[PDB]
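Quick setup: one chain, the form deposited without the named molecule, written in structure tokens, and binding and motion questions come after.
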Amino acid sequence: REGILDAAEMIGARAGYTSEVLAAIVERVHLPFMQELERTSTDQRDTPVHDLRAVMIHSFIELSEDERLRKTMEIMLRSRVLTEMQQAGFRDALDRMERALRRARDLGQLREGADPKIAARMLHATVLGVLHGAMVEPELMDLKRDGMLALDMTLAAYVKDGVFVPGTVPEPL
């Protein structure tokens, strides 16, 4: 099962055994990040912008430092089962980002008039553009350095000053 996904018509032969594959691959990688994003809106903690920012930054760092993971993530960003998986992943991520920003709004951490739905779209666009720009040319778009700059810029548009410390990598959740 995992052996098959790891190997992935010599997939079986690489695996050593006797589209759905690419989808199963994007799913296995999506999951961990989704659960991390979901945690950022927990009503059990009161720093949702900080936590959301931490999750995104740590994710950019792991992709930058893990070639296997970055290649997997790559196919999740290419090009009906795979197409539907990407859409599902898109929807899920934007949903979870919006829950965390709606909690920030609730806690008084967004700027006056900020709409968490609109903030979440801009944040999602920011993340996607850094990923895609780094995929095309890492020498012009550095996942860790530009990822943080872009994230802090977009967050600063909707989040009040003093809610998080820009420019630094936060502690693990």
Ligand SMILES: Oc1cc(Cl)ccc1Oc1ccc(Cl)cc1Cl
Given for the second form:
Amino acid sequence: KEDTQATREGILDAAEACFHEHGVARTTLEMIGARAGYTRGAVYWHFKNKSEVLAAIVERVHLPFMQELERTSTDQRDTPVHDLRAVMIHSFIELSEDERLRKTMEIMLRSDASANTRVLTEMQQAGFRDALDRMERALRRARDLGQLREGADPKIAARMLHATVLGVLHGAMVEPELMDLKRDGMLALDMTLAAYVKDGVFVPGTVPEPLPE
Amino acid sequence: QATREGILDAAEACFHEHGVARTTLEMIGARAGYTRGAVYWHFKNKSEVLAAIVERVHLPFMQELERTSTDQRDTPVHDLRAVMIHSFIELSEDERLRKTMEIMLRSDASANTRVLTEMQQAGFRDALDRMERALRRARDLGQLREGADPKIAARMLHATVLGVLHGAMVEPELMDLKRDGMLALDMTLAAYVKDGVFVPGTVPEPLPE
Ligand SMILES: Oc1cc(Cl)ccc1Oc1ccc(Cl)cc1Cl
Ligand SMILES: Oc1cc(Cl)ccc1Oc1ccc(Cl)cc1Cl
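Moving from the form deposited without the named molecule to the form solved in complex with the named molecule:
Let's see the whole complex now, leading with the same chain.
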């Protein structure tokens, strides 16, 4: 087990388990290296430092999800509101059923344990901005198709949706007995969309088909 | 009582800059200007100290929430809405209280440390119960929409408040406590409350008492 034989995915899988178990602060390069079956030099073979490791764990789940959201605004389909619902609701289900995904999402939610460091906060800012941009674009396509209520601002709508969804994610992390990621994510999403979306455009409470492709 | 208050203040300054993990009772003492003996008299450990910090803020907030369901006034939605709007305003205008609140909202680093998640859980449960009591009184008074379930309305209100607070801690310039907090509150209340019950978009008068 020479350090240079470690693969990037094995380094990231090991680091994500370290971070889930010990948190960001207590995780060290030596711990990540040992966990993957090597020593710290196997981590250096891929990443300058622990924050690059964190960024890469985040990117690996945030990238795919941003891709899904981006598809909801396509001019090749004429149901952007339904598509946004398909993406979000299946994401909620996935987060609820896949502990590994859920624990990475919870690493980001938890953020920096003190004002001393802003390392997770900047990644969160950049992620929030990415998600908002994409939701706002889907909502702008919905307006053109006459699917929004008169006067609905798609930028405000996107901001309200992120707020009530973010709140469900934080609540479920704190007290899963009281706040249910699937059930309440879907209620927050539908409630928020119904404030900005015309009646009759989608049926609240329904499970959409996974977005095609 | 007042030495208590001094430790707590200093502990606020440490907890916010340094975090829950790296702060100890000895660091808190020094900034506070007191002896280790003096400090231990009040709090034998960091968690006892955090519990009294959260308490200081969380308690009187729960007392404001609790009042909105009083069987003595007939405007529970208006009152609950007023409490949250005023709270949002106060947080936005008082950096002291806003730092104490972020200490209160930040998560434990791991799934292994908890005692701060334990007060979050208890705090989360207290706030939801009180929201639900005010919305059930609204329901009794004919102020909720047909078929609105006060338990469900309170969960959505709670998620709404929590998403605004968290949104603003990450991106103050993208999530404005006062302006987006009021928009989000009014949106979620209008999903469950009949029209004409409160006046949206405005800051209500101070509640009595
Ligand atoms: O996009 C992300 C950004 C960060 Cl900073 C951390 C995790 C991420 O991944 C997700 C976030 C929210 C939802 Cl609802 C679903 C997924 Cl997969
Ligand atoms: O802001 C968001 C709003 C919505 Cl409705 C969906 C996903 C969002 O994106 C995130 C949610 C949580 C974390 Cl930790 C990171 C990111 Cl990017």
